[PDB]
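One chain is shown next in structure tokens, namely the form deposited in one PDB entry.
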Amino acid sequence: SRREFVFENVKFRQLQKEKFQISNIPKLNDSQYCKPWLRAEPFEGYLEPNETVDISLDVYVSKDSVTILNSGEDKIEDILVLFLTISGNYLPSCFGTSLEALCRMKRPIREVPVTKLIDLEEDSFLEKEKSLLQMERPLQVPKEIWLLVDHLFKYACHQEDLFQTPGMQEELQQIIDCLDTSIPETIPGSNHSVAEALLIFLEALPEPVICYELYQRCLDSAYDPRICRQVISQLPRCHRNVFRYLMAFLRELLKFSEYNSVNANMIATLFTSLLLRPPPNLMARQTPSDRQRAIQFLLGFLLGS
């Protein structure tokens, strides 16, 4: 019935349907089969008469595909077999972009340019060498994380089960689209949704707040809060600012454990796996005592000096 398929404007954590029917499962080299951000269901069955099999095609970019697609490495182009043709375009997101790159962009990653409205004429003598064949101070912290944290500061310090309750999937999308296209005056959604988007953000980061190269150093000094401060100072500029900003926010949260039910241990446990992660290419084993050190490393700042 249908053969050609295109998914226009695909975005992080947004599902797109492309239902269709069949009437009367293969996979090419599973190395060239399909794409992780794409799958079929039902992708196989039994038929013999005229009965129509309404097989659906869905795409969903998760934390595992967001960063390759952002950069461009991968594109919304996948080839199946039965050959199948499908394409579209992927809209970049601040989620899955380095803190480094984000601190250099004062505007949303997808802000609409007003270029076609500007009333002027660039130097024509400057284009005397142009051709159709010939193609500053970084922010202390990404505005995106700032918008999320400042919001929680202002409206969620007294939120019950804060960082224990999962937000609304639908509000998470809004929040994401919001940060990708504007510097909102008010982040939409409930405190739970905003709190989760922050975790999702820290998790999708290409390079953790605490750089991989410093991962082990932190573990080794986890019990000496003074040495931990020093390791932090070793981090690149924006990583250290983002780290310090988060600890300040989390400490502020503790002052209201009475109302929000957050305790140092819970918080430190929750955030450490997002902030302090092992170099993935070393497929390093995660010992239970290494887990305690990773937790202690954060507790040091949440109760330190």
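What we label the rigid core is the largest C-alpha set whose atoms superpose within 1.5 Å from one form to the other. Positions refer to the first chain, counted from 1. Compared with the form deposited in another entry:
- The residue that stands out in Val53, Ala248, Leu270, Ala264 is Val53, the single one whose Cα moves by 2 angstroms or more between the two forms on a rigid core fit.
- In the core-superposed comparison between the two forms, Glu44 has its Cα shifted by at least 2 Å.
- After superposing the rigid core, the C-alpha of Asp30 moves by 2 Å or more between the two forms.
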The other form holds:
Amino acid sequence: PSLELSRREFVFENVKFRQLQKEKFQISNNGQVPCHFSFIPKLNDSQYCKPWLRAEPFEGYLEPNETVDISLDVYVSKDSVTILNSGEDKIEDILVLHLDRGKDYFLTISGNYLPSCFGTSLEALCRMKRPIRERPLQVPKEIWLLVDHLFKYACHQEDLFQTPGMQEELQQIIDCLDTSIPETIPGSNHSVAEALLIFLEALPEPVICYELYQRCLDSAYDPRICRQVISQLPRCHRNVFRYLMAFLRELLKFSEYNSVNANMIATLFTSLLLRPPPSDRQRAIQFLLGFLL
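Okay, that one was the form deposited in one PDB entry. Can I see the form deposited in another entry too?
Single chain only below; no partners, no other molecules.
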């Protein structure tokens, strides 16, 4: 049982939120007998790598001496963006490729991460007046810029919030917001709309803070009480919530053109603005609908 590896060190340079990278290498069974290889967790872990990394494939069989290409894939999703933004984690790791009944091959993962305004907290964003990678704001300039664009160009946009944008454009939008305060956000209306949704979904702390979540549900049927739960939010969360509710009510006025109705808004934004750490799903939509109507 022996393996030959084309390389053992891999660099993931300038890693960005939601931008896929792949570092490929070739494994070749140079032994005299067939071998089984698989990536394994380092002593006392659950997984063989961190969330933003993946091996494809991560296990296999090799006769002597067939070869197999392994793809080491880096993808920073909403699960990891905040810890990488923060520096609580780094683009580094060790992959232990294991021969069943044999040697271990150590692969070293290195590189660097570029922080994004996406996956950054509303509070920190409201405290930063310049782009992340160039008295606090009432709302993050980045959410203002996205909503500003939609308000200007997308009020009459067919199927707004129902058609997915373009992956390329999404990334352009995020990079744009990370590095500039532009005169125009690039990309179609559908892209900007989806970037907004992604922004809300990427928030380390949802627009409606986690601890208020349960109170929201309980209060779901009394409009005077829902509004008061909202009052408990920190200033920037309260402002973003009110801002968005006002925006969505604005869009509802043009429903005959943009197809944005209360149904769709409820089901789409509820889960984004009101996350937990069933029929609670119903009190949630009810909670939101209370504000839209």
